[PDB]
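A.B. asks: Each chain, letter by letter, is given below.
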Amino acid sequence: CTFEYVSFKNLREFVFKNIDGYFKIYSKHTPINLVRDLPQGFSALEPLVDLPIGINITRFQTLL
Amino acid sequence: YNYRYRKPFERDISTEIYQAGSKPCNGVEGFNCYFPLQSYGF
Ligand SMILES: *[C@@H]1O[C@H](CO)[C@@H](O[C@@H]2O[C@H](CO)[C@@H](O)[C@H](O)[C@H]2NC(C)=O)[C@H](O)[C@H]1NC(C)=O
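Those protein sequence lines, which keep their order, are chains A and C.
Heads up: the first sequence is residues 166 to 172, 186 to 242, going by PDB author numbering.
Heads up: the second sequence is residues 449 to 454, 462 to 497, going by PDB author numbering.
Here are the simulated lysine-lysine pairs, DSS-like style, with alpha carbons at most 27 Å apart:
#1 A/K202 - C/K462
#2 A/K206 - A/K195
#3 A/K187 - A/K206
#4 A/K195 - C/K462
The set of hints was computed from the structure by calculation and includes no laboratory data.
Given the sequences, and given the hints that come with them, work out the whole structure.
C.D. replies: This is how it looks when you write it as structure tokens:
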């Protein structure tokens, strides 16, 4: 508890990775025509945050 | 007694016993079963 911080026709994309105690987040957002599968094409995700937290992540879960 | 020792930039405060022996120590201290923290005699 030693760290704390504050700041279907749409597709949100994200990347999460943890390296040498820093946790990094990237994203991209767009409208879309077809909602059941990922749209065939290309655009690149860009950074959001980089957290100095030091934790040993092996699992994750979504919140609805 | 407050000052104690047990990847890069890791931190870990977990209290689970060192199972130094072949014994599954299951929270009980004894020969080769020890609490993970030791204190500097400052
Ligand atoms: C994640 O957990 C592992 C154990 O599951 C930690 O491993 C220890 O890491 C140090 C690094 O210097 C080694 O000297 C120890 O020998 C490792 N222990 C064992 C039993 O292999 C690891 O440090 C943890 N990583 C983070 C980022 O917290």
